[PDB]
Amino acid sequence: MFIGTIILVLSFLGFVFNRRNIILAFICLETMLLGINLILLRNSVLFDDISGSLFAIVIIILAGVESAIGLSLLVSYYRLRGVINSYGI
Amino acid sequence: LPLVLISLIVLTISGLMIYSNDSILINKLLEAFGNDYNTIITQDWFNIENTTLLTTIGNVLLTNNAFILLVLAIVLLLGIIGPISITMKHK
Amino acid sequence: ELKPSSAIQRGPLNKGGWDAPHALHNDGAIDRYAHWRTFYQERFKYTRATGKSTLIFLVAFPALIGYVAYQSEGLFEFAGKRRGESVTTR
Amino acid sequence: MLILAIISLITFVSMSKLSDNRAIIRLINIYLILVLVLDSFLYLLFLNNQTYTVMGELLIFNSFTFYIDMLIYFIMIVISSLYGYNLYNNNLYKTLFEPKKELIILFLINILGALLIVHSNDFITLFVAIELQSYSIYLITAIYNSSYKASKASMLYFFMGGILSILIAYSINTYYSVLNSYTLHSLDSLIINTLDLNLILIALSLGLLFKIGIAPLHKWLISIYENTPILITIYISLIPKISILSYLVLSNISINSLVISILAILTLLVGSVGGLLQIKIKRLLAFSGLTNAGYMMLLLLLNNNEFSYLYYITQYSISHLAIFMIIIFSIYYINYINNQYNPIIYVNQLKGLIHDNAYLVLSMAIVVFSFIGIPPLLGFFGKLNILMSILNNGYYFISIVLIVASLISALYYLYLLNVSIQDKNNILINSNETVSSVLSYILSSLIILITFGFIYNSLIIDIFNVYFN
Amino acid sequence: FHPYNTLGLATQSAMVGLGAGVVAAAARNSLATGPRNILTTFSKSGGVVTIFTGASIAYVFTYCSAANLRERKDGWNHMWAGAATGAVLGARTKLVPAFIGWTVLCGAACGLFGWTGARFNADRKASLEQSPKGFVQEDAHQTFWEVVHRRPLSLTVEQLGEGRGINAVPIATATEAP
Amino acid sequence: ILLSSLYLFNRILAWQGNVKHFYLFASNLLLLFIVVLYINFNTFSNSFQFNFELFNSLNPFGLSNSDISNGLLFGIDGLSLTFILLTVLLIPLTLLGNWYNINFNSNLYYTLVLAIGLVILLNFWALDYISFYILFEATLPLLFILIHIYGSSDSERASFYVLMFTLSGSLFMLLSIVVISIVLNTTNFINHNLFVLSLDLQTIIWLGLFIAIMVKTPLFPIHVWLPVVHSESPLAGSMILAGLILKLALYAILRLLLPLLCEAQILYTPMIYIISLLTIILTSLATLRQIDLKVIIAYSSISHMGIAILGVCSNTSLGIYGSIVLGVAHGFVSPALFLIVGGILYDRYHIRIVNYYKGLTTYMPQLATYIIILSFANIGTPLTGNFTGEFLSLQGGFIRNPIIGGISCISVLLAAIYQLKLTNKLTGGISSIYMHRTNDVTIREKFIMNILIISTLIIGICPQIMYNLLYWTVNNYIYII
Ligand SMILES: CCCCCCCCCCC(CCCCCCCCCC)(CO[C@H]1O[C@@H](CO)[C@H](O[C@@H]2O[C@@H](CO)[C@H](O)[C@@H](O)[C@@H]2O)[C@@H](O)[C@@H]1O)CO[C@H]1O[C@@H](CO)[C@H](O[C@@H]2O[C@@H](CO)[C@H](O)[C@@H](O)[C@@H]2O)[C@@H](O)[C@H]1O
Ligand SMILES: CCCCC/C=C/C/C=C\CCCCCCCC(=O)O[C@H](COC(=O)CCCCCCCCCCCCCCC)COP(=O)([O-])OCC[N+](C)(C)C
Ligand SMILES: CCCCCCCCCCCCCCCCCC(=O)OC[C@H](COP(=O)(O)OCCN)OC(=O)CCCCCCCCCCCCCCCCC
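Protein chains in written order, with PDB author numbering: chain L, 1 to 89; chain 6, 94 to 184; chain j, 3 to 92; chain 2, 1 to 469; chain J, 20 to 197; chain 4, 6 to 486.
Same shape as in the complex, but just chain L:
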């Protein structure tokens, strides 16, 4: 499924070849999840099957919690150093 697949692949490449900042890594994670959900929802429509949409809903909730925890981790990392380097990890 084209749009989801392209979004996932390009987001993965952006994550991997990121040499600019850490926020790009966070964004690439979020958008890879978006691409996966798009592929899933198209298949859910083509099968007329609720299982795909149920999994997509769960994916959305988990992406929210993962975002919250990832940004908490980033803030805890910031607390000791006061800055994020372009290699900040």
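To be clear, the hints were calculated from the coordinates, so they are not data collected in a lab.
Heads up, the beta-carbon is just placed ideally off N, CA and C, and yes, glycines get one too.
Watch out, some of these pointers could steer you wrong.
[What the hints assert, rightly or not] Here are some of the chain J residues that sit facing chain 4, going by a computed Cβ distance under 8 Å:
1) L58
2) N87
3) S146
4) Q161
5) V166
6) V167
7) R169
8) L172
9) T175
10) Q178
11) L179
12) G182
Knowing the structure of chain L, use the given hints to seat chains 6, j, 2, J and 4 with the ligands on it.
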């Protein structure tokens, strides 16, 4: 750029091929671009209720898969307790 | 601020014993010779001579013995053999 | 019992002061023990290998999963003892080992995620459980946030585990797109013959397996293990490995996989050779974990793997706990404390441990020889069962590589004992403070299991024959 | 045994080695430190493309050539192929002891690989788990994994050969008088 | 009893503080007990006699009285009784040979030595492949610790060699034992000659067993660990390693290999003869250029083991009897030579370099006489068990292959050369300038040496005295149609 190009081609092609069921690899890739046809949308009259996607999701999430909802409640609990644990300094 | 517990009392490690008089008068030259001979494997290198010895004893000699031992297997029987009888079986 | 403990603990800890931490942990410790001894009898349900689907076919309970759950409970009991009980009562040890307010809750939630992974019968259950365990493990890695290394490790964990979680999700959704199903139960011999699922199922296997750090994606997890506080490292290098490996063993989705064969070989080679030049204790133990992961990876290539996997994972868990406990016990005898999160860093700091505590070094010797595989220690019988399994199924080259890796990793296992039995110049005469009775008893029980467990081998096989056949 | 087509199979190997070396060069270029441009990837490759290509040619060509010449398929062909591959890889040392060491030791490791079946996973049908095992029935031929209580003496004479104690007739029976 | 005897041990330790008198007493009782067993051993029967099973599921901590055998089996026939007698003769002497020279942490040292002895003794009782393998490996960590803590200057490298080489061979033996286990679903030695595997599978299983044999014997070309390990070991380690542990390999050939893989063994015998002839000749010649006394003595054992191998693989009754007799005689004489070089000379002078030693006869005539006697015993002078073993082994080897055994007859000369070259310099010439005069041999040292010499002389004059335990054995393993 070299690695980006090789990875682009390989990952895109493989992500289109994982969907096929043909034994031959070239046919696997070819099926990806194989929707030259329109789907025929037809009517029937067996659904008398006004049930939409949201209603059906609620129906399966709260009855068939209630366990998944409760585990998700635990995950949200984690999304509260964890941030507080590492962003707040007690005492 | 991170230090081992003050409660610990460490003394020296003495294995004890009676120091005997030194019955051997060590020769440094002999000791150096013995050290060179004992740890020769640490300095070995593959040259023409050492390689030739390697080829004679680890390759050639085993091959000669093996040819002999597989050619002569079952060939001889000697017990009570008489005149005119063959001592070979093949 | 676990869910109840998590709810009660959140409430109780919320109403408790930071000085109550250890007390609270002690409470939960005894609670877990009680659950293990009063609820054990439920094993009877699985007589003759009866399998139960539960929760509208979301969960699967059998004798294999029941055993894994008991093992995880036992591990949690041992590890929580290390936070609830002080090794010594002096100021330095208060500084070295103090439990955080929320750590016990994070441990219990992570254990829940692991147990749900083990029992997962549907892919939505698997993904929710995997994310529960992953998020918990990130927070556990981060909760000691005064440490620079721990915070950096938590960030690295978050990002690599997120990429691998994405790979797992994509695998599951490709499986759904091919079969309109979310359960492996829909796979039959006819379906496997008819369709090519190999790429999908191996993608799922690799997504799971890179999360416990097999080669060639081993360095990031080894870095995280090195850079966490030691009492965190004991937990985070064991529980995920057990949960993921147990799920893959029970799922049997990679039988006779060429890709898994090659990665298992690479993992054995990398784990054995890459441990050789290590000078830090935790890096050495991490490479040991990598090699033992390769051993267990071999069992994903064959059916009827349950006995050899259960034996190996049990004895390995026991040995891992024992070696970390021994390293913790040796902290009292070292000259130089490197920092408050990792009081001991270098193998050379154990030099002459025999002159300070001889029986600690005897315990170390037993554990090291078990890792090497000397009979009649448990490690020998684990390796023997694995060899029986793989040679029954024709994996000859891999059996030779297994032998070679065992011999190679013996060198870095013997490094610990070697430095530990050398001489040191200033040795201990007396000390007024004794190490804790509770933790010493736990360590001794582990040592005794490693030493004398073989006595029960035939009895164990007899029971296994009636609960797993 | 019908022959391998050494030329075509070896050309295929050439292509695959070149591709794999190109990929390794790209990865090497991305993972390194210091300034790096798009043309330096082969400049700072370390000759990795040549490693891949030369190993591919040596192994596949030698394996096919030895198999065709002996008209057999077994581990010995892989021993020869590994010997040639080790020769290629040890040429990079530029030292005769190291060249010899690579030759013999890679040849031995690949002979060990070929002897086990020349595979990393298993041949499932031939394995003990998928094979007739245990004690054979009445007078059946013994197969690889099967066990008997007595083998036929004719089989022993054929396999071991006559001599040094192996005889077609037991001694006491043959030396009985009438 | 066990409770009471443990109390006895505990109180002795509390009051004396040195465990060694108790260990000497326990080992002497063990020897007496084995002699009592020999008294009640039936010789007109080729069946295992004093059987017991351990760790059965019905009685994990007791003896098995069950109708299903799933524990570890133990029992003895005449062959195993021979080696058990050798073991219980040797153990107290290995305790007594270190009576005075171990001073720091001596309780641990004696515990390690006695444990190694007991493990070997149990190894000779094992009646199945797994019990045999377990007791086979269990000595390695004990030896590692003993050599590492109580060895000479190079003892770290030595401990690592003694662990790693033996583990290396043992793991290929383990492959073979696993294959036997899964193919036959049985592992015991009582009926394993009743199972006839296909010739191909036999040929494969043989390789693993023989790699382990090659490292443990040792044979050329994987022998180079033994001189190092012998040279750096403390005296009890050397005595056990040369007198007992090397005999486990010969026993393994008889017990584990020949009854099960008979046809493959026939097929492989010429390769064995190649390896053994290489061992004999090359190690004998390599001994001529050694400068360490203990290394020279260690190299001697390898050549004698080669002769024993040639005997035991000869497919003749004389060859197998000669191999066993040679094993026993070597177990008498080699520990005596190690006692001389690493117990008497080394405790007086703390050095092993040959250049330092010359003309010991002047101040120590008794030690010189012992050296001469043990040297001529070691090179197979008749009326010594060494001569009987070597002569019968060479007879069997010559029958098995006339050319190979005929060439093997040069070992008489080669052994004479290296041994008498050492003793000539040790006894003759003027007293060395580098060493001061010390005491001649003590009463304890003379006692040990006298025991060993009398044993080798008794079996040298009348080797037939072993036959009542071995006459079934010399027929149990030959394969003739
Ligand atoms: C201590 C040193 C360890 C190293 C030595 C191990 C070497 C293992 C080799 C031996 C062995 C495994 C035996 C395992 C036993 C336990 C394993 C031992 C421990 C393992 C650590 C592998 O045999 C392999 O040999 C290779 C050649 O070298 C072949 O290479 C390849 O060749 C080409 C492909 O066609 C390709 O071109 C290429 O892919 C390679 O070139 C392989 O295909 C072949 O499978 C033999 O097993 C097999 O034997 C055969 C007939 O014997 C059995 O079937 C028989 O059928 C009738 C006749 O057929 C008989 O009438 C019948 O009676 C019997 O039923 C089988 O059932 C099976 O059992
Ligand atoms: C009074 C309540 C106490 C119970 C608390 C148990 C806690 C488990 C904690 C840690 C795990 C340690 C190993 C568990 C033992 C396996 C039992 C079993 O036989 O395992 C079998 C399955 O064998 C296997 O797959 C292989 C297991 C591999 C074991 C490897 C270690 C062997 C050495 C252990 C020596 C035994 C020490 C005894 C000391 C006298 C499952 O047996 P089962 O599922 O029918 O349950 C048993 C009935 N039960 C619930 C009442 C207990
Ligand atoms: C850690 C290494 C691996 C450990 C695995 C193995 C551990 C074994 C532990 C040692 C215990 C074995 C020795 C005790 C068992 C023998 C007890 C016995 O009674 O033997 C039974 C046998 C028949 O007796 P029964 O059928 O009852 O009839 C009697 C009629 N009057 O009666 C007999 O025929 C007598 C049998 C004599 C056997 C001689 C045993 C010599 C050695 C004894 C102590 C060895 C201690 C070794 C310690 C180091 C660990 C190996």
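Quick rundown of the hints versus the structure:
no. : hint : result
1   : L58  : violated (49 Å)
2   : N87  : violated (26 Å)
3   : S146 : violated (11 Å)
4   : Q161 : holds (5 Å)
5   : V166 : holds (5 Å)
6   : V167 : holds (5 Å)
7   : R169 : holds (7 Å)
8   : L172 : holds (7 Å)
9   : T175 : holds (7 Å)
10  : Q178 : holds (5 Å)
11  : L179 : holds (5 Å)
12  : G182 : violated (10 Å)
Hints 1, 2, 3 and 12 from the earlier list are contradicted by this structure; the remaining hints agree with it.
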